[PDB]
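Q: Let the hints inform the model, and build the full structure from the sequences given.
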Amino acid sequence: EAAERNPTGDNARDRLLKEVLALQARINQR
Amino acid sequence: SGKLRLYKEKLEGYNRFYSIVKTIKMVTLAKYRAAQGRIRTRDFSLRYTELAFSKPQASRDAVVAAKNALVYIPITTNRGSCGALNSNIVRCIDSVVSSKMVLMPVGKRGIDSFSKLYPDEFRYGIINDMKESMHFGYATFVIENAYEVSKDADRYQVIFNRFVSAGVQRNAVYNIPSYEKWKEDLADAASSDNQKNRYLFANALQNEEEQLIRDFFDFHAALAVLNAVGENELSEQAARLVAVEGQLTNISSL
Amino acid sequence: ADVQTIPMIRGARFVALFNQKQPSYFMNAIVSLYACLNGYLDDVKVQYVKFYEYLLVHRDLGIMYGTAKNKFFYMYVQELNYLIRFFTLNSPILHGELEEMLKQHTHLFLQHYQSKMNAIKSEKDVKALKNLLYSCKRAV
Amino acid sequence: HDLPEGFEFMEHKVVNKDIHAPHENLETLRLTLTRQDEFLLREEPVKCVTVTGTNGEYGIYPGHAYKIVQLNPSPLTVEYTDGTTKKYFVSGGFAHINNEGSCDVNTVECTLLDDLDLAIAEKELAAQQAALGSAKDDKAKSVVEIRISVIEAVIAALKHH
Amino acid sequence: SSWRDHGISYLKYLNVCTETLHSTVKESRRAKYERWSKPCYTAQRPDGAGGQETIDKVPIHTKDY
Amino acid sequence: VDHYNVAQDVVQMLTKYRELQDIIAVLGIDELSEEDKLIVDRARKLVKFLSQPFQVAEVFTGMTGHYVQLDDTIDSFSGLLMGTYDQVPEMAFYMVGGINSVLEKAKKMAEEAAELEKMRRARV
Amino acid sequence: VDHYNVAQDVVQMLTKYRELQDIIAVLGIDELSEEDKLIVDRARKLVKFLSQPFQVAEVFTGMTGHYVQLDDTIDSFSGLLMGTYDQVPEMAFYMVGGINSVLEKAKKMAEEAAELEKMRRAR
Ligand SMILES: O=c1ccn([C@@H]2O[C@H](COP(=O)(O)OP(=O)(O)OP(=O)(O)O)[C@@H](O)[C@H]2O)c(=O)[nH]1
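Residue numbers (the entry's author numbering), protein chains in the order written: chain d, 319 to 325, 332 to 354; chain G1, 2 to 255; chain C1, 439 to 440, 447 to 584; chain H1, 22 to 182; chain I1, 11 to 75; chain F1, 391 to 514; chain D1, 391 to 513.
Below, a sample of chain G1 positions facing chain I1; criterion: calculated Cβ distance under 7 Å:
hint, residue
1, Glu133
2, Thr141
3, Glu145
4, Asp216
The set of hints was computed from the structure by calculation and includes no laboratory data.
Backbone N, C-alpha and C define an ideal beta-carbon position, used for all residues, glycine too.
A: Right, here's the structure in full:
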């Protein structure tokens, strides 16, 4: 609570991985 | 020279390996030749069992709303070399892992695989010596242990291998809802127009006394277990013959 | 070749202790082997054996946490190598304090380090731990 | 990843007659006598079948109403339209009778009455009766009495004919 | 009859009947039928040491029912 | 240090896979421990991943070549060892450059598989 | 005659045990028949019972050597072949002298095992 008071390349890999995982899951569904 | 004889010793070992494996093929072929009879005499015992339990339900609503132990009874072979049957069953069980999952696998390979894989969920397993024929008593032993593992269980599932043909062994599922949920569905199939095919069957059970219904439920549950183990054995011997041939040819190429 | 029996529990840890990159001082090597021999590393995971050895040699948990009651036997006293080499570790002069130091080091290590190590799930923390343990192989 | 249900591979389903339908005059009962997932008879047209349920004996002929019967250790008779009688003996199970003209008798064990031996049956009754005398507790006595009931039924079944 | 009062389940009742029925079969034919009523099953959990701990929750033999 | 640690881990994985390959050929891949199946799958992916289409062999390979920077070689392999790419198909690592190329190839394979599944389903 | 007969029986059993060892690697120890496993269990004891600590290799082994008399060796092996010591633990025959030393080592093995059981029991 007291923490609240006072206080990109890798993203592309994560984005691609999420998309691939989504596609592999979608094909399973139907 | 030692180097030359090193190869000779290496090839000497492969020769005995071929003989022993060929001996395995002889054993399995005899068991498969005598287990081929069930193919003639199957597909008729479980007719009203279908009405009792055949419910093509969705695969999500069944497991999502689990408020009580879901017991699974995968069928696995005692000895290895069967093929991918055990591996697929594990994949089929891993795909249904949940908080309420309890496992009572059958066979040493199932126990060994699941004791390591799922130590906490695994309670204990059943082992049968492949000395006598798969009989009713063995199925009754599977069911009694399953109830004692989780009497307040939402469902008891059996995951086994169906022997479609000599080269086709699919994975089949018998889902058995406990008494409370079954009699509730049996009550709706009787009164309501829904579940027409089960209307006459359900009303013919509600007329009788309860103990008879409970005996009916247990009896048909045992039959489903008996069919699964019987099929899982026939798929096992058929698969081993296929696998053993592969090992023979691999040991011939070497 | 053919079950967590004592020989199999300690055998793996001895093998892990045999990985080295630089020659080890006699005092440090003998002490570590004695510890693994008398079961002081049974509760320590195999992956963390090198980290345990590094703290034992290049650190002193008892002094860090103020629980060290030994009079002379400390791993930072390099002159003890020749006393060990004369009397043996299983001698009344050195045996009593040796066991006390190992007992304190094991208890402190398990409590303050292994518990946190087994509680790491963050990818950043996991990677940091992996670097630490590999470095400990090449340090002690 | 959906798995087939084990009943999908079975191609002989049960046909139920819609209640709002015309009646048919049937002269044959399609019997399916089964033991331990093995059919001794399959959709066999018969004249009649006699079964012993807990309440008593039922003589099932074509067109019998829908009913479920809990069998007891006893003989089971099948009479064909030709005029031939085949007698089995069952140790238990269930009999499902459908108004469409079918009867599926699933038994744990179904053995032709010829196979059974009266001499073996008789001496077993004597031994079990002695066992009942030495039965330790109430549970043991109940189990022994289960055996005697089956044995006496077998003995009486064979003495009948 | 009286076995229900003692907690014996229906399935155990059938196993006892089947064994008794197989008992009465002729000695020539007993071999075939008796292979269907011979207990050969156990329930085992792998012990901590790597052994087999037999679970005694369900009986295996009709005598011990 | 990261480069050294990754390289040693790769070598250890490939060393173990070689030893397991002896058992695999004789008996079969399905007679192994479930732990040793994971190692096999990771090792096979590593073997495929080590392949690379060269820019001087655009005729014999039929594909455009790649230049992989050392910092992507280390990161791609380090992630693969951790197991974050276990869902990716094995063939996605074959004849590609960095991890990004692996993911793009996996995406195309997934799209083709989805199209085939759609065609099969529509056939019903 | 006893010496000749005992030696031949030992050699035959060792030969057979090696053939079985090929089976035990392909099929496994479970598949072996009752007779075969008895050969396996007896033969393994013979293999370990042939070992002996020498009086000159004390530094290598760390244990005192033994001098086994000819008669003691024949009698000890004769009893082992016919199963007189089937219940003795296998390791009791490892690096020992005559039969007497085997029994003493087995007793020591039993005592230490009991102590371990007691320690486990207290836990
Ligand atoms: O007090 C009662 C009343 C009824 N019942 C039971 O309810 C059921 C009603 O059965 P039905 O009414 O459907 O037919 P039924 O009388 O012809 O039955 P059977 O004797 O031919 O089998 C029968 O199985 C009867 O035994 C009891 O057990 N106790």
